[PDB]
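Student: Listed here are the chains, written in short residue letters.
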Amino acid sequence: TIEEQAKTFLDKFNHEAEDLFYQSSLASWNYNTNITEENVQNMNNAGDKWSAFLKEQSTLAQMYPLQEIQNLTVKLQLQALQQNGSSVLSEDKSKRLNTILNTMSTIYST
Amino acid sequence: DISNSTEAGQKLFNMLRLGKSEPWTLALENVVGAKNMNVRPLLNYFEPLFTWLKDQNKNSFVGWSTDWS
Amino acid sequence: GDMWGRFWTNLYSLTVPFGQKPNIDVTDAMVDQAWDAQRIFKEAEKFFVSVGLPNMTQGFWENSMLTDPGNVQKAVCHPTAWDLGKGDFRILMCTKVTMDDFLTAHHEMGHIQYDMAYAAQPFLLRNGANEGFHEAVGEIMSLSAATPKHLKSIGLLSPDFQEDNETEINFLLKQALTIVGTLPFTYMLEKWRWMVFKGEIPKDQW
Ligand SMILES: *[C@@H]1O[C@H](CO)[C@@H](O[C@@H]2O[C@H](CO)[C@@H](O)[C@H](O)[C@H]2NC(C)=O)[C@H](O)[C@H]1NC(C)=O
Ligand SMILES: *[C@@H]1O[C@H](CO)[C@@H](O[C@@H]2O[C@H](CO)[C@@H](O)[C@H](O)[C@H]2NC(C)=O)[C@H](O)[C@H]1NC(C)=O
Ligand SMILES: *[C@@H]1O[C@H](CO)[C@@H](O[C@@H]2O[C@H](CO)[C@@H](O)[C@H](O)[C@H]2NC(C)=O)[C@H](O)[C@H]1NC(C)=O
Ligand SMILES: *[C@@H]1O[C@H](CO)[C@@H](O[C@@H]2O[C@H](CO)[C@@H](O)[C@H](O)[C@H]2NC(C)=O)[C@H](O)[C@H]1NC(C)=O
Ligand SMILES: *[C@@H]1O[C@H](CO)[C@@H](O[C@@H]2O[C@H](CO)[C@@H](O)[C@H](O)[C@H]2NC(C)=O)[C@H](O)[C@H]1NC(C)=O
Ligand SMILES: *[C@@H]1O[C@H](CO)[C@@H](O)[C@H](O)[C@H]1NC(C)=O
Ligand SMILES: [Zn+2]
Numbered sequence: 020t021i022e023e024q025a026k027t028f029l030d031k032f033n034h035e036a037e038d039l040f041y042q043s044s045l046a047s048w049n050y051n052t053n054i055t056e057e058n059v060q061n062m063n064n065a066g067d068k069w070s071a072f073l074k075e076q077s078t079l080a081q082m083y084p085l086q087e088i089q090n091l092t093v094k095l096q097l098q099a100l101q102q103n104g105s106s107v108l109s110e111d112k113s114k115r116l117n118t119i120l121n122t123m124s125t126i127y128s129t
Numbered sequence: 543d544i545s546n547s548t549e550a551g552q553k554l555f556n557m558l559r560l561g562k563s564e565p566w567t568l569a570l571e572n573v574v575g576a577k578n579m580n581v582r583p584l585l586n587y588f589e590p591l592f593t594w595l596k597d598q599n600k601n602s603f604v605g606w607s608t609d610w611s
Numbered sequence: 268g269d270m271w272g273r274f275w276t277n278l279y280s281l282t283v284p285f286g287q288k289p290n291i292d293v294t295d296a297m298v299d300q301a302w303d304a305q306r307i308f309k310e311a312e313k314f315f316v317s318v319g320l321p322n323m324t325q326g327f328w329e330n331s332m333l334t335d336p337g338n339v340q341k342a343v344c345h346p347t348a349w350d351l352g353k354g355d356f357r358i359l360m361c362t363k364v365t366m367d368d369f370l371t372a373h374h375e376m377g378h379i380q381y382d383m384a385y386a387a388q389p390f391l392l393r394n395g396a397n398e399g400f401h402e403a404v405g406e407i408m409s410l411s412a413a414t415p416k417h418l419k420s421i422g423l424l425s426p427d428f429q430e431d432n433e434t435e436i437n438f439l440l441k442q443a444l445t446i447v448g449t450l451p452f453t454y455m456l457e458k459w460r461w462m463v464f465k466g467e468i469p470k471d472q473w
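Listed in order, the protein sequences are those of chains E, W and R. In the deposited numbering, each number is its position in the first sequence, counted from 1, plus 19. In the deposited numbering, each number is its position in the second sequence, counted from 1, plus 542. In the deposited numbering, each number is its position in the third sequence, counted from 1, plus 267.
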């Protein structure tokens with residue numbers, strides 16, 4: 020029933036994904052339309068609150084192995100979470116990387 | 543200009559409402575009939591300019607030498 | 268033209284084929300008919316509905332930024348579309364009654380008409396079929412609204428107006444400076460990066 024599992028899991032994921040995504044996008048809408056420092060922090064709050072949900076759900080989804088699913092429309096969503104991203108790095112390295120990326124952008128900007 | 547032409551809306555509305563639920567090659571085919579990026583239609587667009595240019599560059603050297611500096 | 272050579276657009280003034288025949292602009296026939304930043308986004312919607320795609324939604328007309336506030340209330344005026352989810356969409360752009368904004372209106376309603384179509388898919392299946400599909404629909408929307416056969420119909424471009432085969436070259440060359448002129452640059456720049464990332468270029472020959 021591995022497939023059924025992978026399914027029920029997605030069903031549960033969808034709702035929360037949607038609602039947190041709303042609350043995260045509305046924030047940036049209000050920020051960009053109404054530039055006000057009283058908005059920046061609210062936007063960041065909703066934003067990283069959503070972003071954390073993704074890490075949680077992804078690591079929660081490494082269980083279901085790919086090569087059993089044939090209902091390709093769920094094999095397609097699962098592939099989109101299981102991406103380990105840059106978290107696969109160590110920690111010293113992974114925070115050296117972000118420092119490099121932030122330095123290269125500031126130089127160009129200023 | 544595709545306006546006022548409903549049968550040009552179908553050929554488009556069938557590719558849109560797939561999002562990412564299908565391979566992009568199957569989506570392409572639902573509009574164009576092929577499965578790969580093609581450079582022929584980009585050359586039909588600039589045809590009346592290609593003719594005019596081939597006529598304007600009679601007395602010039604089409605190309606370049608990679609040593610002058 | 269510019270700092271890197273991505274687009275050759277700014278070389279237009281030096282290479283216009285027929286400098287005398289002026290381009291087609293309607294920035295002026297628009298003000299004479301009192302065209303505000305709502306007549307525009309109604310013309311766009313009418314264009315799309317004429318093709319067969321559906322109307323806009325109420326929440327689109329209510330909570331949009333179809334014109335800059337300009338008072339103490341500030342914003343960031345880079346035009347864009349928003350798909351906040353749950354079934355509301357909205358455009359944010361500070362539109363000046365012009366022509367280049369009469370095109371960006373169609374460009375952005377293009378994205379919005381894309382999003383409204385696949386909003387019946389599971390949350391992770393909401394995107395273009397790949398990365399290059401999304402902005403390639405906005406383009407063909409704006410590409411087909413700048414044609415005199417259409418301006419001459421929506422009301423601008425007074426009817427007895429013949430286009431001559433020299434304005435057409437004036438137009439196609441202005442395009443080729445932006446479309447074709449940037450293809451070798453894009454290809455060369457990605458070739459270089461693809462080769463650098465696989466060690467096929469030692470670190471002393473970059
Ligand atoms: C832009 O944002 C400010 C706050 O960042 C909004 O100010 C609020 O206005 C409402 C009434 O409209 C008050 O009840 C709140 O107390 C205000 N908040 C603060 C922090 O002063 C302002 O209304 C926003 N502008 C728009 C057009 O929505
Ligand atoms: C893959 O699984 C999904 C279930 O998540 C199937 O989609 C369901 O299909 C039935 C029958 O058409 C509908 O009644 C359901 O409403 C669908 N699910 C949802 C969430 O709408 C899908 O059909 C399966 N794949 C295949 C090829 O059958
Ligand atoms: C994603 O990263 C994990 C490492 O955190 C990879 O390794 C698996 O980790 C899980 C724990 O979450 C273990 O139960 C598995 O045994 C690990 N794999 C193996 C082969 O032992 C995981 O493989 C990575 N997945 C993808 C798709 O990149
Ligand atoms: C699309 O078709 C409609 C109707 O076939 C056109 O509307 C007509 O336009 C002409 C000239 O602008 C007018 O004389 C008619 O009175 C219009 N009829 C209606 C019912 O509005 C429209 O112009 C067409 N659009 C394009 C771009 O060709
Ligand atoms: C636009 O079309 C006209 C006629 O269709 C072209 O004018 C003629 O072009 C031929 C081709 O060499 C000449 O032999 C004739 O002398 C031209 N006629 C006149 C009255 O000058 C014209 O060349 C075309 N323009 C462009 C840019 O293609
Ligand atoms: C689009 O909206 C207009 C409102 O002006 C309405 O009259 C028209 O019927 C709508 N189009 C369709 C296809 O329902
Ligand atoms: Zn766009």
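Take these hints with a grain of salt, some might be off.
For each label pair, taking beta carbons as the anchor points, the in silico distance ranges come out as [unchecked claim]:
#, chain 1, residue 1, chain 2, residue 2, range
1, E, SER124, R, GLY354, 57 to 63 Å
2, R, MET462, E, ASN103, 54 to 60 Å
3, W, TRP606, R, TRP271, 15 to 21 Å
4, R, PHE452, W, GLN552, 43 to 49 Å
5, R, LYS470, W, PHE588, 24 to 30 Å
With the Cβ distance kept under 7 Å, some of the chain R side facing chain E (calculated, not the full set) [stated by the list, open to error]:
#, residue
6, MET332
7, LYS353
8, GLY422
9, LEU424
These are calculated hints, taken from the structure and not from any lab test. Each residue gets a CB set at the ideal place from its N, CA and C atoms; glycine is no exception.
Student: Give a verdict on every hint.
Tutor: A quick look at each hint next to the structure:
no., hint, in the structure
1, E:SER124 to R:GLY354: 57 to 63 Å, "violated, 35 Å"
2, R:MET462 to E:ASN103: 54 to 60 Å, "violated, 26 Å"
3, W:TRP606 to R:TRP271: 15 to 21 Å, "holds, 19 Å"
4, R:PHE452 to W:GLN552: 43 to 49 Å, "violated, 37 Å"
5, R:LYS470 to W:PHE588: 24 to 30 Å, "violated, 40 Å"
6, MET332, "holds, 6 Å"
7, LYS353, "holds, 6 Å"
8, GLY422, "violated, 31 Å"
9, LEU424, "violated, 34 Å"
Hint compliance for this structure: hints 1, 2, 4, 5, 8, 9 are not met, and every other hint is.
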